[PDB]
Amino acid sequence: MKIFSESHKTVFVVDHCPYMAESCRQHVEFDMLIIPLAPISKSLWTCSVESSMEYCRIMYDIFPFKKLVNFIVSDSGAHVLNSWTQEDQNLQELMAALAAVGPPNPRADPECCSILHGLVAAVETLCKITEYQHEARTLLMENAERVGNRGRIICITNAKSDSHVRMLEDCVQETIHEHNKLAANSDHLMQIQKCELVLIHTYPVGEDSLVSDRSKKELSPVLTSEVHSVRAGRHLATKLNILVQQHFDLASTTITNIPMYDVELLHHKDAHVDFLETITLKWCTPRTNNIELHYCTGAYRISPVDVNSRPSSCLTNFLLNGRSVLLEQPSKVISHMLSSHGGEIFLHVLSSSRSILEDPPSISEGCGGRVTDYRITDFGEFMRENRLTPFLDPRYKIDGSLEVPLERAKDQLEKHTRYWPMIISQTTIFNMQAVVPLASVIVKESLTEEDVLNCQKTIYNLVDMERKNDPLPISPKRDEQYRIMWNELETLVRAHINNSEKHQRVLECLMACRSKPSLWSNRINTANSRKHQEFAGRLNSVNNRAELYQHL
Amino acid sequence: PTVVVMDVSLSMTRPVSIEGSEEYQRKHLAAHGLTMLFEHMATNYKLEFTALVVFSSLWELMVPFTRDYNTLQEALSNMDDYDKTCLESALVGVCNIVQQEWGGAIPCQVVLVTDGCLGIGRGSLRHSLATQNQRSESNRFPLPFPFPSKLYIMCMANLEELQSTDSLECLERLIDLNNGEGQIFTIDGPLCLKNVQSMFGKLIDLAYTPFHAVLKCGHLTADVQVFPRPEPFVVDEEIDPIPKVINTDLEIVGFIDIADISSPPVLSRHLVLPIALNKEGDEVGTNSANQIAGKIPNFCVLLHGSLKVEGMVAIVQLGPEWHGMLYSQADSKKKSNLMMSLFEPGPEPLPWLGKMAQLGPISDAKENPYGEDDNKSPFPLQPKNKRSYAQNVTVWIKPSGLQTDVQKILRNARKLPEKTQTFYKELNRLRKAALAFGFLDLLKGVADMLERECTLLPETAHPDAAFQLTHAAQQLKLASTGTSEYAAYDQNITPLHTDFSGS
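Residue numbers (PDB author numbering), protein chains in the order written: chain m, 1 to 33, 41 to 267, 279 to 294, 312 to 365, 370 to 514, 523 to 564, 655 to 689; chain n, 2 to 287, 297 to 513.
These are computed hints drawn from the structure, not numbers from a lab. Careful, some of the hints might be misleading.
Keeping only pairs whose Cα atoms sit at most 20 Å apart, straight-line, the calculated EDC-like set for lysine to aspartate or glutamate is [to be verified]:
#1 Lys280/n with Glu537/m
#2 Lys224/m with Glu142/m
#3 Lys2/m with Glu170/n
Footprint (simulated), chain m over chain n, 3 or more residues, beta carbon under 8 Å [stated by the list, open to error]:
#4 7-19
#5 88-97
#6 338-349
Where a beta carbon is used, it is the ideal one built from N, C-alpha and C, also for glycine.
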């Protein structure tokens, strides 16, 4: 049930008909501190398509692998092509398909000047088997992707009147249903039993307006019609920001104090944990100067909108390296977090507690404390067998049939801690080089019955040393040092005795060679049913009598 | 933070049916007992300040950010009367005052505090407060406020009295207009401060459990113990989600470069401290007896090691193939550090290292870019494949978008092509958008004028710039045809070396 995400299908549609080709009076001058100098007749449809494509890219960045979407625009013809790869799910392939489909063109074809081909192109642009198997996708996108972008089809045209707008919408809906049925001709797609439509209407600024105020309603069972108005400029930016926020129930955050103009930071709906979510806080680069420790919760990808500005771009550059951004108000408390990877940028919502990960300034009084002269030999012996390296997928490389790499890694980790105390400061017998072989063979790559034979040889050498009557340094009497060494060896072997049977057998052998140490009816039924348990004599009695002392 | 609504109203200066609660005024009842406005913060939400304000029409607030419930009790006792009565307006003002006094970004929980027994007619307070179904020109009104809080109007009386006074009806209408601000008035009769406490007890949403757990890690001298339950996230639904509990154990397996890739996101702070369990019966992982084992050495506390000199990071892989690295401190004479942490909760714990579902041995090792030494640093792979968060497309949702994008494309020398690996990719996205949209028609203004600014020299100059800019201009004009055209978006235009210079 994990394949029902909000970003299942999203389609942005832009046409090239004469109705949508009208000038939107969009002029922007960048001149402030071989062609004629024509005015910039930018269309509002281009900005609307850009905002919808940005929302679709954010949706793709929400679900990178399980859900994939593409973008195709409308033209004289129709070029539909879709795949199912996880790598191609990124917005680069959607932009490539949108470019390959067709851009806006003032001069349309001499015939077939309508939105039927555009409706077919938009239906093909919609994912989940070209809007045929997208019934459940649209069922979920009834309040998610609808508040985000278009999702289904975005038909921009200069409506002459309400009747003309309704007729054009009906024609586009019929063409989209026909394209969905054509997609449904395949086997992986199912025919549409029900239809859900979220319609986006775009009109040029300063153009004809013959539309009356209305709310969002499912106009027809075949197609549900919705109409919205968007301006050009700051109003377009506000509408796009509201749409982006409503797409995933996100908020706005500003990052300041870059360690060397609106600032927004997107996220998912995981901010409910840190609420009771416009995080107002500065930005911290993880280093020695500033505290680099803070709690992280609910990692979710973030696509910055204000990247064409110094603060947001600086924050993105700092986070994208791999540092952990802490938070402070604008005893340490962090109400936010930011982590990112090599290509992925993400923001996190943090709880205000548990930012004391680097708590212990000294370790003198703790368990396993003020002794750092640990046994390097045991650690090296464990490292001799320790060879772990992941791959794209597990594979069978060694014996034991199709061995799982996780199982082999777990066995390697387990073999590293059979009988091998990697701490030498506790004892004084660690000075000898012939006793380390028992600790090494448990964790060496050659752990086998031969390792047990080598351990037996080490025990024989130790027996020869014991017979030699040689006192050993403690680094009191030599007997105290010998007792400490024997107790340490016993402690090392005790965990191995419960870990394997071979170690237990070795300890038993060593101990063997150790020295120098209907009211009547219902009432009667209720009364009888309340009885709890019979006993042996009553059921086995015969002629109202039963025998006793039967064992004889 | 905390939000307290002290009903200082002239309407809220009379008994309910016959007499007050503590045989006296509302101030005496408030002194005798209070609602859950302070008990929840006293018990659970310790890190919270309250704004003890008694007000109806104007912000007569004198209490700054403070957690003293005595000030709240004094203010509630001081809520004698005023020259206004409006439950929704009082809730809005209390929320605004709490936000302005206790903390701007700190969440709080306000409720409606007024009598409301004005009568339907010329002085109904719901008419002048429940105004949300019109005024499209002023749709961005104070309702909803910039803070998550559900204002609730208390109701504990007879059904006939509640219907005649239209308390529950107005409260439900306000909740419906405000989309759930107010619980269902499922209460009747002579009820004490239980419905009010239940409706005002939602200010303890940031609590915590001070518990402990243990783990077993075999017979090594450096063990690890799981931390408390982490924050749930959308990773794998499976049958159904539920709050986590104390995890059984983890496993420290693997070794990767420390400074090269660092580690994935942490879930909680878990220190590194050795334990032991060999033959003591059930054998619990090892009270204040740690000093005796403290004398015994253990490498868990001293787990710095090759974190800096050789470039190694202690990777820990859980039972269900949940791998993840962690770095340590470098200084040892000074304060050192060691810890344990989880991986990222997203679709991939390490997006710069591919999929990590196969945390296993090196018997089938596909690649070893680091090998616990950081010998090679080919990750992240800049060409072609990359995460979907930073695709080759511009963003204009905010004001610093397309208008600034055109200037950035015109002035690409400032922020390109130096940091073209993973950070600076605005110029490439702008060029891809220009080549895709076919902006030849709009080239006469500022849409495609970036290229002309970089070609102010004569036509007989060096051909390196012409070779560099040949592809974009040629590909751009094909999109105006409205047919199949160039698709140079999956492939990325990377930084070409400018070695044609003589010096």
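Taking the numbered hints from earlier one at a time, note which ones the structure violates and give those numbers from smallest to largest.
The structure conflicts with hints 3, 4, 5, although it agrees with all the remaining ones.
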